[PDB]
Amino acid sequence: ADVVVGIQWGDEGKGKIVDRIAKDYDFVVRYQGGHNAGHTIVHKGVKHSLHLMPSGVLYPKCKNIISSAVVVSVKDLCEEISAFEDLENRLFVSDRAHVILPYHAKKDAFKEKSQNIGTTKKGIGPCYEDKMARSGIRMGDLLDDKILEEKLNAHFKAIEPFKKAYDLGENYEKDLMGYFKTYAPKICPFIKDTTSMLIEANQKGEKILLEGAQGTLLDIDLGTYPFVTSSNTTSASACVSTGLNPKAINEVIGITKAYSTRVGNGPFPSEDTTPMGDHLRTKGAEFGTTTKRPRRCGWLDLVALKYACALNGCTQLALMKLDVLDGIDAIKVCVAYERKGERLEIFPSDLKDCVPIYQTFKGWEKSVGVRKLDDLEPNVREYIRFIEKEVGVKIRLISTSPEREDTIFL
């Protein structure tokens, strides 16, 4: 099995790379997160905004899997399903994936008043909380009316002391009953034991691509906690909860933008709020669309990249959004941190007082849409070579625009 993983704080370009290579795989598997993910595939001037739908959906011969560590907003997933023809037999949703309830998004908003993490306010965290509580509802529950009713009733009981605090409606109970009345018939044909499916595919030597969401530095354990998502985002998470074991992992493709972003609060050593960063904001704070909040912008951070590569075991890198840097006078790369006079070469567990140490590179003018290594400007290849060498992982994919085919393979 191969893994595509974001090695920054999300928005690296994972959906484009998965869609570009999905043709070579039998399965494409979203293994964690929910519809907090939000990215575009672009091909021939048509943009597809996916949230939980795996990025193999444009290849009807692929089987797309939503795995067990995902949290599922059923209504939103049904809305994605309606945009494609004949998804039956090529989309499967784990019967062990957990179900996001409307209360989860309301709890998310309420806790954000004091915590100010900058979540997507979609109830991701509170759904994972109920999973840990082992009170959460799972997709398999929807296949049996009696089971779902019993679990909903337990939810209504447990939720009573919170109706005021979380501003739950007077008709919360009645409305949620009708919610599942509407959406359970729509989603139930897609619910499957995807763990058995992938165990068998791996045993048979079928080709499996694992599609990460968010990014390594958003990992609940190893990211910039508390400014993280509530799931594990690295390659090992792909084979925690799919049914695949760590021995099954072959290629690990680390997706990184040629610069850095994060959306939401939290530390960001290479953030650039000076006029040197203004080009990044013009061309790259609005990560296309599908993403509403503007991204904080900064430079590539090799300290953080090397940390993420070690966590994932990246065997190759994809360098993305080179076109965003077209026309910039100069590009900086954070090669180390300065903390109270000490030079740090290694990503620390606390980024307090970590000041970026930069090397500056010449910019370039016209990478956009280039499809051949030969046609790139020297300054582009010099940048690529520096990153590879410093990080010790070969850049095997270069993206020069959102379009599927604007991708160079090495």
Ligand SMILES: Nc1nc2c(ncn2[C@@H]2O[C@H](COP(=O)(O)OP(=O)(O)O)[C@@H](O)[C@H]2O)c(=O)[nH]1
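Residue numbers count along the first chain shown, from 1. For clarity, a rigid core is taken as the largest C-alpha set superposing within 1.5 Å between two forms. Shifts are known only where both forms have a C-alpha. First, how it differs from the form deposited with guanosine-5'-diphosphate bound.
Once the two forms are fitted on their rigid core, between these two forms the CA displacement reaches 2 Å or more only for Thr289 among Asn153, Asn89, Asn245, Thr289.
With the core held fixed, the Cα of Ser114 is displaced between these two forms by less than 2 Å. In this overlay on the rigid core, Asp144 has a C-alpha that sits less than 2 Å away from its partner position between these two forms. Comparing the forms between these two forms, the C-alpha position of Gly123 differs by less than 2 angstroms, with the core used for superposition. Segments displaced between these two forms are 274-279, 284-291 (runs of at least 3 consecutive residues, each Cα moved 2 Å or more after rigid core superposition).
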The other form holds:
There are 2 protein chains.
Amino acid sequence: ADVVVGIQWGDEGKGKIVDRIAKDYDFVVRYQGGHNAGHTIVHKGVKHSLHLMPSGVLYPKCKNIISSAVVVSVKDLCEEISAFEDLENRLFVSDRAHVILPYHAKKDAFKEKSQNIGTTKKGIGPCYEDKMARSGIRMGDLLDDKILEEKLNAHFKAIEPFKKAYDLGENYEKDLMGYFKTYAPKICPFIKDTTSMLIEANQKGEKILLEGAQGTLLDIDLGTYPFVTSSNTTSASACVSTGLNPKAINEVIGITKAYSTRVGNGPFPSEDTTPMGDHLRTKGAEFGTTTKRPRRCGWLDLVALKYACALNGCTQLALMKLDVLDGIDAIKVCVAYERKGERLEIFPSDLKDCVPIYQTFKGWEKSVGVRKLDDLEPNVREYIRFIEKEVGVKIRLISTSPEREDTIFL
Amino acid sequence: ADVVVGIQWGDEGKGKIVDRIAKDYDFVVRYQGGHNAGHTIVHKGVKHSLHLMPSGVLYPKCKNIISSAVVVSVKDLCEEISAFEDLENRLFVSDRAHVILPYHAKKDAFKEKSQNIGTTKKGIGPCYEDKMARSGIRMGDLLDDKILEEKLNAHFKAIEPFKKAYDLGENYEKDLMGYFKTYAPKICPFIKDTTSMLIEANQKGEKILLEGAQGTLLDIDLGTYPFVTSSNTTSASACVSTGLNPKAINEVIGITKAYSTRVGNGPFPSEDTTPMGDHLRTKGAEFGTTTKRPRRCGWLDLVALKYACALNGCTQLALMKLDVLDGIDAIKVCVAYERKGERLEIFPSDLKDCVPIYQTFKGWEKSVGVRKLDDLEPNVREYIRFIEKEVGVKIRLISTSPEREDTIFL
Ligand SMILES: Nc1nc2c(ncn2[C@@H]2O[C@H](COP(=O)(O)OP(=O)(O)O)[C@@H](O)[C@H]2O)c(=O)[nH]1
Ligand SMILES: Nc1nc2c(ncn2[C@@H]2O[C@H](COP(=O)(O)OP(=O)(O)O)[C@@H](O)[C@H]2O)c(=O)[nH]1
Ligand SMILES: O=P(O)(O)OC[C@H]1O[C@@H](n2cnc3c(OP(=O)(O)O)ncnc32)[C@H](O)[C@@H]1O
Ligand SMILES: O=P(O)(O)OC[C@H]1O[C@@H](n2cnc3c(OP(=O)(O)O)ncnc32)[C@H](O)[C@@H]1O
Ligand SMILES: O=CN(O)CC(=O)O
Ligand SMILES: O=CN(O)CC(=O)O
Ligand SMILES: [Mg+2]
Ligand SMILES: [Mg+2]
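Same protein, different condition: the form deposited without guanosine-5'-diphosphate was shown, now please give the form deposited with guanosine-5'-diphosphate bound.
Then the entire complex follows, led off by the chain already shown.
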């Protein structure tokens, strides 16, 4: 199995890369996160913004799997399903995936008033909380009405003291029963034991592609806590809960932009808050695929990149959005941190007082839409060479526009 | 890096195996769980029951690491530290590990009144809940008094509505400040960036052994939910949050008993509730290393074992407690499940109505203390051969008593 992982703070271009390479796989698997994710595919002038639907959906011969460590908003997934034809037998949702309830999004919004993490307000964190509490509802529960009713009854009891605090509707209980009466029949045909499916697929030598969501620096354990998502986002997360094991991982494709973004609060050493950062936002159209929030923009940070590469075991890199830098006279790359007169070459566990140390590169003019290495300007290829040398991983895919085919393969 | 994982429901003999093989490693790493774990080492008539302390502690040249996905009761860890000499520079606790507060154990006990999971009542689940909420305190916070005070102040506000419900002391707030004034100075010298330590150790080719806690069937995602622990327990969990990556995993040693146990509630297809199960409990001294609860006992279940082997990628097996079966005339092994007239060869996602189908093996008389394959009775070796054939993984370690040296290496 191969894994596509974002090695920054999300939105690196994972949807584009997965869609570009998915034709050569039998399964494409979303393995963590929820509909906080937003993965944009563009082909022939048509854009799809996927949230939980895996990015193999444009190849009908692929089997798309939503695996057990995902958190599922059933209504939102059904709305994604309605955008494609004949998804029966090419989309499967794990019976072990946990279910996001409206309470979760209301609780997310409420706690955000005081925590100020900048979550997507989709209820992801609270759903993972109920999973750890072992009180959460799983997709398999939707297959039996009596089991679902017992679990919903426990949920109604458990949340009663928070009805006013969380601004829960006075018809919350009747509305939620009606929610499942509406959406359970639509989603139930897709619910399967996907763990067994992937155990068997691995044993049979089928080609499996695992699609990460978020990025390494948003990992609950190893990212910029508490400014992180509530799931593990590294490549090993793809073999924790899918039915695969670490020995099955072959290629690990780390996705990185030629600059940096994050959306929401938290440390960002190479952030550019000057009008150049605003230029990156405008030219790169850096607005959240899910929330439409303006992203924070900055320069590529190789200290953080080396850390993420180590945690993932990247065997190749995909370098994205080189075209956004067209016309910028000087490109900065953070190669180290200064901290109180100390030069840090290694990503620390606390980013307080870490100031970027920049190396500057000569810019280029017209990488947009280029499809051959021969046609890239010398200064682009010099930038690429530097990144490869510093990180120690070959850049094998280069993206020069949102379009699927505007990609160089090496 | 090599990984030792329990492939049943915990208590397979992981502490014994890790201690038996740890002399040949530079690092021994606990990577998940908390002091719910209880790992028993016996050597020369002296027993150590470890809970969070890694099982390389009896080899002073080893470096023992408590990694980031662990949950840490500081008082309990300090009490373990006091049992060994000169642990400075051979024990390191990740600055990213989360801290178990007394509130967590009180909340665990309270929710257990209605959930009846049968947790160890150590506060593990609630601590992982606060991690997903991104409100949890991490070990690195203990290194700065101002940061700890701000986080404790938020904790006091957050828990106030539960003071009566959870039977929190009226001096809870002053007691908890005093708790950290007592224990933070003792633990602070051990707190380090262990992620960077293991990134570097892996890059340098040092020998790393990862010690699992619990077992595969207790995995939060893929185990017998909700009768599971709140962490991931498979071998990939060892490369999610430690600083390693899946490509670094070499050997995966799956630890299994020659029969089965679980402690706490939940499905157990091969459970034996007759006096034979009571005999297994007495002869095997099957009482929880942590809680002293009597374990539920039963027969080896190869359907569940094949599932766990697939999730972990086991390259070798360690077969434990063969000596407990000495004198039993017929040994049963569950080779399949019957479910409503259907024969299941593959572990299903719901164990309801699954009845064990048994194959019977001729017993043996005196495997206890045997140290050479030549000295094992033919019927023992026939049993071993069958397990290896059915599971497809070679049994490389055979344990014939609690003692470190009562182990056969192949
Ligand atoms: N200009 C440009 N845009 C790109 C390129 N690759 C992807 N995109 C667009 O960049 C944005 C990436 O954000 P997003 O879809 O959230 O990334 P993901 O979450 O990693 O899939 C989307 O609008 C993509 O269509 C590229 O090479 N150049
Ligand atoms: N009789 C016998 N006891 C064993 C053997 N291996 C380990 N033990 C004991 O079996 C129990 C294993 O439970 P525990 O320590 O909780 O296992 P762990 O959690 O996997 O380390 C302990 O009392 C060990 O001392 C064996 O081969 N034979
Ligand atoms: O509890 P959450 O709702 O998950 O928010 C926690 C933090 O993580 C951010 N976040 C969550 N998903 C993100 C994403 O997804 P993709 O790369 O898959 O498209 N890309 C970028 N940022 C993302 C949020 O802004 C916030 O900072
Ligand atoms: O929330 P928790 O306190 O973790 O309880 C959840 C469930 O998991 C059991 N449990 C937890 N740790 C266990 C263990 O550890 P070692 O193998 O590492 O010694 N061995 C066996 N069972 C174990 C508990 O009995 C319960 O069923
Ligand atoms: O693509 C998804 N994001 O950028 C998260 C968001 O929209 O906030
Ligand atoms: O070794 C630890 N266990 O068996 C868990 C417990 O004691 O309950
Ligand atoms: Mg996105
Ligand atoms: Mg134990």
